[PDB]
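Given next, in structure tokens, is a single chain: the form deposited without ligand ACO.
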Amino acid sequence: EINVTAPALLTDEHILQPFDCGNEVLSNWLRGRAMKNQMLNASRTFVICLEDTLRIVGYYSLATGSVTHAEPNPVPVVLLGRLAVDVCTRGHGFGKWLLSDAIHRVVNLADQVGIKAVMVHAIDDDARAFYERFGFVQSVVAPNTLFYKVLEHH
């Protein structure tokens, strides 16, 4: 078995090299465009590690967003930009574990500020199937953009 720690914001002492998820794009973002977007303060990246280590084994990202028309009024949302898991954890099913943490996170978020839904763009249909198996619904924004509506806590 693999035992993992609770999802936590990416630091600079986190071990990012051994992470191998299957899509080089999503392993490259973690190596390159993760720390950078965070000091810039756009997206926030949450990572999980192997127990008693700092070797990252999975991660997700979170930025705010908006929907408006071309001339309430902007609809306040939250983009789940990346969700990936290392190839050495398979049937452990740590993806659903990360999407739980993310959704719960955004729901707490929405108890601080108005947030009407989470959005995500499905890469392949397997993304879409994962994301539709867990509440996401096809939207009108884009054909691969699915939304998960947010309801107030309590």
The other form holds:
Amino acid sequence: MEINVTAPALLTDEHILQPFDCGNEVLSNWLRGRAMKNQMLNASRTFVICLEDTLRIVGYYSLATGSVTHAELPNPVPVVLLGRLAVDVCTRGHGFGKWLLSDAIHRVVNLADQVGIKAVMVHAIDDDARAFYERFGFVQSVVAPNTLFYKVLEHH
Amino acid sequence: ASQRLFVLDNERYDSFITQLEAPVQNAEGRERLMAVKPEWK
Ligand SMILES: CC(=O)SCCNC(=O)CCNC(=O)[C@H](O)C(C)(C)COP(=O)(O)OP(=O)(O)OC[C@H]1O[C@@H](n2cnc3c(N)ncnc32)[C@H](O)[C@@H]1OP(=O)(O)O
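Could you switch over to the form solved in complex with ligand ACO, since the one displayed so far is the form deposited without ligand ACO?
Below, the chain from earlier opens the complete complex, with every other chain and molecule after it.
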């Protein structure tokens, strides 16, 4: 079926979260249990997509700043952690996954004109995750066996 | 959970810097991402 979705928007209290199911309980539970808390603590920014003309979320991703430093006291290199990205089981195969990822990376690139950001880092929990991320430009990192990175270049 | 601060040993940190500062890798997948044109409503 032709499924239409709204542009990625910050998660609010009016969005409907219970229906969401991506086939991975830690990602669905994070959306319901931790996303809005992190949003109100300014710990993270969670962006969601919804079925057109509803607040029914069918996709989301989360962004947070992070740092890579060494054993002793740019002292930490600044990164952005794309910590979660998930599309609803019922809406797979429509390109929403690569759309979300394109939006997230474009958001980070414009972001990196405001502050220094050296890369986007993701954690691929599974091999299909890895295959998706690697299909769209991510690279194995030396910081963790599951951690990949997408280099941010100089301003344009 | 969700780890935000990564502390590496000095040998791994240096590899990280080298791979971070190398020319971009996976340019193929990277042109793919830039080619994605979403149709948001
Ligand atoms: C940080 C993390 O969350 S890492 C784990 C990431 N998320 C998950 O694992 C959640 C479980 N899966 C999902 O949420 C979804 O499958 C996603 C986000 C991986 C894909 O969204 P989908 O709609 O399945 O994919 P979409 O339809 O956008 O596919 C875009 C392209 O990717 C390809 N593709 C999709 N899934 C995968 C995969 N796992 N491995 C390799 N290629 C893939 C598709 O063939 C398609 O090809 P195309 O460029 O020729 O059009």
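Positions refer to the first chain, counted from 1. Only residues modelled in both forms are compared. Between two forms, the rigid core is the largest collection of C-alphas that superpose within 1.5 Å.
- Moving regions between the two forms, defined as 3+ consecutive residues each with a CA shift of at least 2 Å after core superposition, come down to one: 152-154.
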